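A single protein chain has been omitted from the complex, and every remaining protein chain is retained in its original position.
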Amino acid sequence: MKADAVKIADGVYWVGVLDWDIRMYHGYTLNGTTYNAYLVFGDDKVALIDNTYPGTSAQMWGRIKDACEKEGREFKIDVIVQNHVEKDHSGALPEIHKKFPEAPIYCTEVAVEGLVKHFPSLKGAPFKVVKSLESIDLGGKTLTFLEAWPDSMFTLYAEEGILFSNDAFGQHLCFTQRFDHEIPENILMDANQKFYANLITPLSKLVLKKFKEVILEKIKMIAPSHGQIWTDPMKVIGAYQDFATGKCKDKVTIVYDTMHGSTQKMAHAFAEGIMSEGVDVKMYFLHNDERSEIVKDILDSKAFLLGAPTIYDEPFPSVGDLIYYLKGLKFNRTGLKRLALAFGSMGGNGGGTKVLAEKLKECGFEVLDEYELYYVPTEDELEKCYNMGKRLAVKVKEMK
Amino acid sequence: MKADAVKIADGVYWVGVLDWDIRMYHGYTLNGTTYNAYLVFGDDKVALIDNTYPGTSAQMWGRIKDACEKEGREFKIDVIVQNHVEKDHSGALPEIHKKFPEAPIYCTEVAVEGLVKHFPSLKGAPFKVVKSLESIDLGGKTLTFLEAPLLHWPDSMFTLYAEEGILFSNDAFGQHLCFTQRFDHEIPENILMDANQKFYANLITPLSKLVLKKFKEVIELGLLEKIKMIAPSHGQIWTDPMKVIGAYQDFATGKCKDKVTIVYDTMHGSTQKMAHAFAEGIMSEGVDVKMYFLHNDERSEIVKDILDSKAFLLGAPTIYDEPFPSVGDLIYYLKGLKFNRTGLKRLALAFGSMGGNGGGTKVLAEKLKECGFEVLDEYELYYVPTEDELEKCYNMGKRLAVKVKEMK
Amino acid sequence: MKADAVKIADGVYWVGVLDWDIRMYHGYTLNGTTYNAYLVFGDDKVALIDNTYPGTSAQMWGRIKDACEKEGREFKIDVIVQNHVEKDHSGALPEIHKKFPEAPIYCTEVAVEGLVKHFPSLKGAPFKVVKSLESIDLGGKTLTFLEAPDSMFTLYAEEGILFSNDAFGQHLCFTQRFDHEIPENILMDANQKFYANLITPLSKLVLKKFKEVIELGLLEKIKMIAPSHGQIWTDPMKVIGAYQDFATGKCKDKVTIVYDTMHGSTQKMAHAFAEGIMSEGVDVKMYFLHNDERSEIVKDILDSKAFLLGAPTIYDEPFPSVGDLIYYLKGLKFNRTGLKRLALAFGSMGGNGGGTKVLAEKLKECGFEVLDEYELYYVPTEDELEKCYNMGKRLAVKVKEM
Partner (left out) sequence: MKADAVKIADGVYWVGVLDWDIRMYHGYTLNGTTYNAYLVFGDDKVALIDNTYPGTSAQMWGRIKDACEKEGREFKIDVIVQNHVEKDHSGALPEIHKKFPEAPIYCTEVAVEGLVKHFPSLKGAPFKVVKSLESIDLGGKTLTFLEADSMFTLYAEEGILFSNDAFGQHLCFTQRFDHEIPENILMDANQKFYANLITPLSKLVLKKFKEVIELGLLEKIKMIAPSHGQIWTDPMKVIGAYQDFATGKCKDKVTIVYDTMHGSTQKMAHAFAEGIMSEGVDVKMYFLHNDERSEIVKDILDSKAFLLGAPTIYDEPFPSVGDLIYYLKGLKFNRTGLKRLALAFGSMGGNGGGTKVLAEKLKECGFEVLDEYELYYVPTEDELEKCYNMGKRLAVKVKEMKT
């Protein structure tokens, strides 16, 4: 396939893949993504940093051939860099190794085992283990490896301060534009917020630790393994610092499910009370919405509301999927215990709301109240929802 | 709307609604359903047994008017019977009451409160609280009520047209089917019995012990031999009542087939490869297999197959120390359904792939135990399974299948 | 239900409904919408302009009661204004009329018939047929009607507030009521989608109605545009300007590529065409019919200078999914905007083919200028993919030349 490489610095090219058609990746919705791979041309050696998903190498090979042609060099890779084991960045490693068998493969110690487990043809490949720190001179260009998850590492092109961070600072976006400044800021920052919410939230304590143990001024560009390349590294570093420390807006994310609309009516009434205080509201209906967009909004919300009816003594089963996700994400690790209210309608003994409150506490939320009612809410019951929402909104505005 | 009533007995008509277009109802998938309502013409009183979902009364009114015209009676209802509070059978009660305000509403004590909570316009309506074995004479036709608490709600009851042995069982014995055909014998048996199995699995499973109790009470009173027809609130009318009674007795007592239901989720296909390998080992023993991929399948079909499976396999990869979140939904459903209530602890295996510390499979095993399953083993592997690892899955599947065949 | 009204001017409130949960409306995808209704407090009469979708009136009543309370007035509506017949704006009319039976209902002659057909309980309601340029004095506040079929605009003369119903609306559901309170990119993209899906076939009418209003001088009197969905425009020229651009066919150096596939060959061709287009610095939007839908596709076609459509051949015809998009494009009539967007038809086949020829023919019927067709046998070779790249490159050169 004929595909053009994109020059990002003198002798440095983006030779990645545009996955236009993917809509879902590990239960994270998207409108396509990119598998960013980079080609570094040293005076003596040519290095390929990461690659792409199995079966999507056609664009990558085309761009590698195009970059080599533009540089007046032969179609050849001398050094292979594998910052991560995950198949979206290592899927083409067996074919890259088969084509250039003498090119050493730079990766972490644990990554050798993971790579061979994914691709048995790599047994006996020339792996060059990176233990904490390792450097390679390509002739006028130096690549320094920083072992960071154990399977991962960062690659720094030292002379120009270009950090190949792999997943970190990534965003799932698929555009013809390669840089951060070429797309609308809102699209970039919202995609960055979604990527942090779904993939970095449980690592928030480490993000804070690493940042303090690195203060960063030398980083001129952040080239991640997904989406846009940051020509303004401080913009994403700053965003990460805010998310990791729990800097939120006067906003509440309301999530609910319903069978006959009573819990839905309660959710809308809570929102009215919150809005009367000028606090922002994001409303999610589990029958139509999904977990990745919900957690993106929870990330900068000072409060979270969860409602569901009772069905055979348990809350409606859809809450189970979000609860399991929140249990893995650990939002309390951002250093903030977001406020929460549990609610729902019931027709007999109830119990769904009590289960919700208990699970919200386990997920790191500060549960302030619970509100369970019988069948259809009356006007007075809806006013109670409004009053509870209003009081919560007052508390949200009072939080640091 | 012009809609014809269907005569089911002398002076008895089906005046129900065909919900052709509904595809999902309280997280239960279907290809339409019916809200079965019945009109009983006595010499003195006309009784309406149940009604329909809010906003779907047009077909119902058309059929009621057609039945009244056929019987040379005035368009009038004298008795309203509300077997259940649930809006798919009570949704038209406010408009039925507004039209005929003198007609008493027969229901249970708990039902009065539930109905008024759903429809405030019913405050002050003529409710008539009824208890088991109490009766009303319509003139040559008798309606006998039987409280069916927690079948499937506490405010539930059954109405029996005693002279013809027609049991208006509301949700019990129902099936979510929407056909032009009204009777059990008019459609393929496999479609009828599979829809009946799905309805039991999703709505009657936690009530299994209560089903066995209500049955022994109905037998001791000599009422079972008197039932000539079962007219439920959804699907087909049973002209063979023993067929569905027998099916319910089997599901409530845990009568299963030499069958395994395998459910899994995957991000990179490794857990999927494991699931396929377990299936191969099970099949080598002649045991049946039903395979569900949580990325495309849903909870109602899964539990339909669990109902007559002696074993259940659940697999998912590890994501941030937890199993893939889609399992959370199925686990929460299984926690409510309580398959142990059938009198049987189905066998189970937990499995999955991981890339670091793992832990997903341990969570799965723990949750399966909480759901009443007898967890026999756990199998967690690193990334892509090797040929040897897939043979281990096949061997584990083979051993489980041997145990399945050994169970009663 | 308790719900707060939002004051938009002195004695003027938004008493609308936030439909948080709707995800699809007449085959148009969205993340909720609003049914904007307005309450105008005159010294003598209180007027309600439009209402909401059947079954969603709880928020509306709450906001009306809240606005009445804030104004120190009784819970009373004296005048009902029905700008449009469509149920998303008239659904609560039977209950508004039942509550205030003496309040006249202001609407066009054709609207009366349309409203009674929707709601039989309105037979005998006090309808007040309005002619164009007819006014009502509420006491210090004047409402002027402009018949634009059963649809009309209401102008609150004193403050220049134009209640435009669907025109200038956007399907957005936020706590924020004004255009300036949300990111411009979100507002303008939602406005582009609304124009693409609902105003495109009316482009010639948009141009004529604008040309007259400018020479007449009405446009300079508009200080605010309060539509029936989404954000209220505090900057009316921003949306008027956007409409003028869409109506005249002002496009970007961009190509929208739409395709479907059974075995991946047409998909490979589509990606190769995109590579050739990109080599010329031209923008590309890629849509796969197995996962994507018509409302987002047409939003991108609106500002694209070219459109590519590809599908394999199945029983002498193109893959059936194209039929849906073609039927939509036939009704939207993009050719009318004043420009004929460039187009290429493509696909893979395994026997006699013919799908690509059908595609080219339908693209021509939809008003596109079809430059070429490319049909190949089964899996594309490296040379065939380079041909796609070359065709996409040449098309991109032509796009930049327009």
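Chains here go by letter, A, B and C, matching the order in which they are written, and residues are numbered from 1 within each.
Methods note: a contact is a pair of C-beta atoms (placed from the backbone, for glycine too) under 8 Å apart; a residue touches a chain by one contact, two chains touch by 3 or more.
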item: Chain not shown: contacting residue from C:318, C:347 or C:392; value: C:318
item: Sole residue of C:11, C:114, C:227 or C:347 that reaches the chain not shown, by the stated touch rule; value: C:114
item: Sole contact to the chain not displayed, among B:60, B:93 or B:289; value: B:289
item: On chain B, residues whose C-beta touches the chain left out of the figure; value: 1-4, 18, 20-21, 23, 32, 58-59, 62, 178, 180, 188-191, 272-273, 276-277, 279-281, 283-284, 288-289, 291, 293, 296, 387, 390-391, 394
item: Residues from chain C at the interface with the omitted partner, ascending; value: 25-27, 85-87, 114, 117-118, 120, 149-150, 201, 262-263, 290, 294, 314-328, 330-333, 350, 377-379, 381
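As a convention for this text, only the chains that are shown with their structure count from here on.
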item: Whole-Å gap separating chain A and chain B, where each centre is the average of the chain's CA atoms; value: 40
item: Between chain C and chain B, distance of the C-alpha-averaged centres to the nearest whole Å; value: 43
item: Length of the line joining the C-alpha centres of chain A and chain C, rounded to whole Å; value: 33
